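J.: These are the residues of each chain, in order.
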Amino acid sequence: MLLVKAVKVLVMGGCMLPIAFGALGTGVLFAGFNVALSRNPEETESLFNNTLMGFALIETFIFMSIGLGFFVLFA
Amino acid sequence: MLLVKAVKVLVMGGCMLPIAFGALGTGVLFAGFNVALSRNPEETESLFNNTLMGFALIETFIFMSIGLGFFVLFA
Amino acid sequence: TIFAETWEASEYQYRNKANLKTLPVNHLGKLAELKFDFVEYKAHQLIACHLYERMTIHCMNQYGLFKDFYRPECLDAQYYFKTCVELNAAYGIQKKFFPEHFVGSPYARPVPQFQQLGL
Amino acid sequence: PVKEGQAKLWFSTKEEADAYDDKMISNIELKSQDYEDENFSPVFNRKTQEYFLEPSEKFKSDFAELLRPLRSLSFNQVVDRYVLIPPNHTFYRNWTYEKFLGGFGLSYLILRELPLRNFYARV
Amino acid sequence: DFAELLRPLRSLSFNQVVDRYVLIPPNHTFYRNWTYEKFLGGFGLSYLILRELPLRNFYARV
Amino acid sequence: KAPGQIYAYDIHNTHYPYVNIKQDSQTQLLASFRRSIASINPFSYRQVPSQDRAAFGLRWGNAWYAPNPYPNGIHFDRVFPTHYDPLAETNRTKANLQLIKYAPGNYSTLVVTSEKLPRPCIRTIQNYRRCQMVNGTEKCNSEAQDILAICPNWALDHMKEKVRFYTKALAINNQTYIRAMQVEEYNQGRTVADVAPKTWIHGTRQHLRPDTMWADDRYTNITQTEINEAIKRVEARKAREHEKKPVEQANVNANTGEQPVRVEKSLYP
Amino acid sequence: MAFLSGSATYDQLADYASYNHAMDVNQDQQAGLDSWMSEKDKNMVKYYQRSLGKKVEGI
Amino acid sequence: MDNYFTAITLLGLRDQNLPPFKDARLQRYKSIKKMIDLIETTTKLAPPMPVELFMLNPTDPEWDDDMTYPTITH
Amino acid sequence: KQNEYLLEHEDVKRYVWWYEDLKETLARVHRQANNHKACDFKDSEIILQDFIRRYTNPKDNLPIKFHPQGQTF
Ligand SMILES: CCCCCCCCCCCCCCCCCC(=O)OC[C@H](COP(=O)([O-])OCC(O)COP(=O)([O-])OC[C@@H](COC(=O)CCCCCCCCCCCCCCCCC)OC(=O)CCCCCCCCCCCCCCCCC)OC(=O)CCCCCCCCCCCCCCCCC
Ligand SMILES: CCCCCCCCCCCCCCCCCC(=O)OC[C@H](COP(=O)([O-])OCC(O)COP(=O)([O-])OC[C@@H](COC(=O)CCCCCCCCCCCCCCCCC)OC(=O)CCCCCCCCCCCCCCCCC)OC(=O)CCCCCCCCCCCCCCCCC
Ligand SMILES: CCCCCCCCCCCCCCCCCC(=O)OC[C@H](COP(=O)([O-])OCC(O)COP(=O)([O-])OC[C@@H](COC(=O)CCCCCCCCCCCCCCCCC)OC(=O)CCCCCCCCCCCCCCCCC)OC(=O)CCCCCCCCCCCCCCCCC
Ligand SMILES: COC1=C(OC)C(=O)C(C/C=C(\C)CC/C=C(\C)CC/C=C(\C)CC/C=C(\C)CC/C=C(\C)CC/C=C(\C)CC/C=C(/C)CCC=C(C)C)=C(C)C1=O
Ligand SMILES: CCCCCCCC/C=C/CCCCCCCC(=O)OC[C@H](COP(=O)(O)OCCN)OC(=O)CCCCCCC/C=C/CCCCCCCC
Ligand SMILES: CCCCCCCC/C=C/CCCCCCCC(=O)OC[C@H](COP(=O)(O)OCCN)OC(=O)CCCCCCC/C=C/CCCCCCCC
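Just so you know, the protein sequences line up as chains A, U, D, C, F, V, B, G and X, in that order.
Residue numbers for the first sequence, in PDB author numbering: 1 to 75.
Residue numbers for the second sequence, in PDB author numbering: 1 to 75.
Residue numbers for the third sequence, in PDB author numbering: 61 to 179.
Residue numbers for the fourth sequence, in PDB author numbering: 2 to 124.
Residue numbers for the fifth sequence, in PDB author numbering: 63 to 124.
Residue numbers for the sixth sequence, in PDB author numbering: 5 to 273.
Residue numbers for the seventh sequence, in PDB author numbering: 121 to 179.
Residue numbers for the eighth sequence, in PDB author numbering: 1 to 74.
Residue numbers for the ninth sequence, in PDB author numbering: 149 to 221.
No false leads were slipped in.
Each computed DSSO-like pair below joins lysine-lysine, with the alpha-carbon atoms no more than 30 angstroms apart:
#1 G:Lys30 <-> X:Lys171
#2 B:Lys175 <-> V:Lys248
#3 V:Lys164 <-> D:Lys155
#4 B:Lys174 <-> V:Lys248
#5 U:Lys8 <-> A:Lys5
#6 B:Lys160 <-> A:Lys5
#7 U:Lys8 <-> D:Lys95
#8 X:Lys190 <-> X:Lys171
By construction, these hints were calculated from the structure, which means they are not laboratory data.
Okay, chain A solo, but in the shape it has when bound:
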């Protein structure tokens, strides 16, 4: 119990890995949005909406991990 609990909490730390990749994926996404905006600013709002939209797919994995994290942390 306490022995397995120790590795349980350790696994919960692993959930901070997507938190890292999600940040990099964000920095990369907005970079493409900026450079792409310069090439064709006529559709700024379109690009802008798709940018945040894509970001929503990043925090998707985030909450999924944390959810799976606390789950196995107690299940």
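Using the hints, position chains U, D, C, F, V, B, G and X with the ligands against chain A.
T.: Just chains U, D, C, F, V, B, G and X with the ligands now, with coordinates in the frame of chain A:
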């Protein structure tokens, strides 16, 4: 028991991984912003705002990570 | 008096009266709220009301009695200790002179002798 | 070898004592912090001195500070001072609560006149 | 007040009193006389500031 | 005609000790500022009561402080069973109407009290005792009948039960007397002359060593060699003591459909 | 190698680390509280294994 | 659990620490069972003293006035 | 002034002498051993029995006799 406390503080260190990816993600974001500005300097203000906005989303993961860390460190 | 670290809760609940209080074990969670460093042995935390007593000492050593002891983690220990020994003193007396009030006592609902059944 | 001190045992004969030392010594588990030792333990090194909870000086000094006005007084002076207070039931004791809670109404008089321009900022 | 003068002693044993107020570890590295250099040196520092008073009349600054 | 001051006023020497239990920087800094201007501050509230002015209790930020109620497992469910454990949380969570109701007396203790018998019934009892010590018991019939008639029946029941209780306590105290005054096998034939000239301090840690290895520096100079030799001597004594072992008894609680005996639990599971 | 090459070595050590009381005792020993142990205290882990349903002899 | 401070004092918790093992720690609890029965019996041998020493008899007819506390309605 | 005389009764002295005997008696009580047995207070039992035997009669049907001004708790 005692080891559970040790892995907790160990996990708390893992939170420094998004701190690392957030730095790289920021540099990449500003790297594209520079080239993006050179492509269409007429909209420097728009690109600039989008640059910081994306960075704000990066720090979200940061506060989310340390938050999880301090939580698992005390819960 | 209790001559052990553990006691059956039902033995300190009333059988013919409403149960509005229990005799709970020491609250070990309050021991983790002390911010300062201290040494506590696990062999002294189960005996009734003694943990709250040692905590009060630890808090009265780190802090004093004026403007620094007045923090929630230290006052609750003093209140628990003072309250624990009062409740345990009354329950102990009630167990000494009113054992028929509690569950598990053969006098709360006496079982009759076979001579009283008329067979 | 066994060391002697002020704290003595509770045995009449010397054989029972030696039997007690042999029983305790047979249970000792040495944990050394130095490599190249048959009994080496980097972590989980047992301490060889027992801790005892005692009231510190900050403890005994504050309990004595509570009784400072009683050491200068005699028992008859203490009773006449803190116990036999002359009865006087003419004071408005509840003025403390009236002033405190009545200040909410007086404070509302001054606070309702704030020069804040926006109505929703005063909200 | 006489009993108040002895308050830090009632909380201590005789051995603690000696190690506290009698057997102070020797350390002769401190500039103890800094207390006077700061005080008396202030007259000079105060003069540097006071000699710049914007009082117009010379005899007023006198 | 100065107002009277309580003992607590001489410890602090002021009526305005701004004691706040909330250990946040904003609170303790404001209290230190408020504690210094309490003499000339109109927004000052007393916390030390006096004969002329009441006072407030301990402050918790802007609200008031009260200790966490002593843990009580008694609770009452409304929607679903909550399995409330007072030991699972530090501070007791508030009681939501649809979740739980806690037991009465957040701050209460267990005491024993007694009702005061009616005044006229008391006067009849005083007259009986008075006539008893003066004229004797045999000449107190009229005073006894006045008691049975004037005293309401609920009082006579109390008087009847007091005698049965004190009769019960009298036996409970004498049984303890018998167990206390019993001479054990290890004190047969021993009297005050065989007692040692020792006091309580002689059984303390300074004079009587506890049953622990690291209470003092007794076993600090022991080596692994001396240990291996000691393990051989204790095993030697066991060549004569292990010859005996208690026999296994029958399990009185073998039948699960039978009221089990509250037998002493094993040290370990 | 003897510890890894064994079958019960993992259990005798795991069942000991899982018993919160035995670890509480060790935590006291590390702080300086230790004494002698009876034959019944020496088997505190065997009682824990038996409770789980293990087949342990020599209590 | 009555006679708390008396029992805690007899066990030595004011100067030392209990054994860290349940076998001996529990035997030390049962060792004071005789002393508690003794110290409780001693406390029940106190001789009487006049009740009318620090307390006026409330059953005296002098107190039949049932007087109230006069107050000022500030 | 009416009830000051009650402090002159010898029962007040008898009450204080009983309180001091219990103080001196409990001051002599001591732990004799640390074997975790009732014999650790072997000599103290004799001391307290002498105190009880000094204010009671063990060879009676009820050594502790009830009186309304006595001790029950
Ligand atoms: C998801 C993938 C990614 C994850 C990757 C990483 C995962 C990490 C999480 C950990 C995984 C589980 C392993 C935990 C092992 C337990 C460790 C421990 O608690 O320390 C105690 C442990 C033993 O303490 P001790 O001082 O010997 O006790 C002496 C007393 O006299 C003892 O007497 P006593 O009376 O006081 O008794 C005390 C009581 C205390 O009881 C307890 O506290 C319980 C302890 C928990 C474990 C108990 C269950 C063990 C069951 C056995 C099965 C083990 C399987 C391991 C599987 C590994 C998975 C691949 O009992 C014990 O002593 C328990 C003994 C513990 C033995 C642990 C098993 C040894 C493993 C053998 C393999 C060694 C490989 C080393 C490789 C290193 C590479 C860097 O300490 C050490 O082992 C010291 C380290 C080894 C010596 C060499 C120095 C190495 C330094 C490495 C530095 C780098 C650290 C890591 C850096 C990583 C980032 C770069
Ligand atoms: C020549 C020109 C002037 C030059 C001089 C300028 C400098 C003047 C200042 C120096 C002299 C002041 C004289 C009095 C000494 C006061 C010293 C002091 O430290 O007081 C701090 C004083 C008390 O400190 P405290 O212990 O923390 O108590 C306040 C706590 O809230 C209390 O919390 P609590 O829960 O413990 O208690 C609740 C409280 C109820 O407390 C509350 O409800 C207030 C809660 C705050 C509002 C809620 C929102 C939270 C806001 C937080 C952020 C606020 C930031 C403000 C920062 C200000 C920094 C100072 O109720 C009570 O406890 C009892 C209150 C009622 C007692 C009786 C009061 C008698 C006052 C007599 C008035 C006499 C003047 C006439 C008034 C005007 C006539 C037209 O704090 C204040 O600043 C109170 C502000 C109230 C507004 C005053 C507005 C009128 C001012 C009149 C100035 C003179 C006349 C001006 C004429 C216009 C032409 C010149
Ligand atoms: C942003 C703009 C600014 C807005 C802020 C506005 C508010 C400004 C004030 C608040 C901030 C002050 C900063 C320092 C904290 C002081 C707090 C405090 O409580 O001090 C009370 C302080 C101590 O009170 P005290 O216990 O009575 O000690 C004086 C006794 O005389 C002593 O007599 P004694 O016998 O007991 O002892 C003899 C004494 C020696 O005492 C004397 O001999 C002096 C006696 C005075 C002359 C005798 C005639 C007196 C006639 C009586 C009437 C005099 C009225 C004067 C009223 C002046 C009101 C300030 O020697 C000593 O004890 C030790 C002296 C060695 C100290 C070395 C200096 C350390 C100070 C830090 C240095 C760095 C500061 C910057 C350097 C200056 C600027 C370049 O009172 C004084 O300050 C006395 C005035 C001394 C002149 C100071 C003028 C400095 C003004 C600087 C303003 C800021 C810079 C301006 C830049 C402009 C562009 C923005
Ligand atoms: C390198 O080449 C050379 C020259 O240049 C060509 C020369 O001129 C010379 C000739 C030398 C001279 C002409 C110099 C002559 C000076 C001499 C003889 C000594 C002069 C002494 C004084 C004027 C008295 C000074 C007294 C004080 C400073 C004490 C009063 C002031 C006090 C107490 C203030 C406290 C001062 C400090 C803490 C020092 C820190 C310095 C500051 C500037 C802080 C100032 C602070 C405030 C608030 C103003 C040589 C030999 C040379 O080699
Ligand atoms: C111009 C005057 C107009 C007044 C109004 C007209 C009608 C007057 C009616 C007079 C009725 C008098 C009957 C007696 C009432 C009794 C009042 C009373 O009991 O107060 C007691 C008590 C005294 O305290 P103790 O020492 O404990 O009691 C000793 C008793 N000898 O008084 C108090 O309660 C204190 C508060 C008094 C009233 C409120 C004071 C504040 C008045 C607000 C306006 C002042 C604003 C300016 C204040 C300056 C602040 C910096
Ligand atoms: C004044 C010269 C400054 C520039 C000089 C440059 C040349 C530097 C060459 C230095 C060589 C080193 C030689 C050794 C120096 C010895 C200094 C000394 O004796 O005094 C040290 C001693 C340390 O104290 P202790 O704890 O007792 O000693 C512990 C020793 N470990 O220092 C002092 O005496 C304290 C005072 C130091 C000088 C203070 C400067 C005074 C100027 C005041 C204005 C500063 C602003 C004040 C603002 C106040 C705001 C509240």
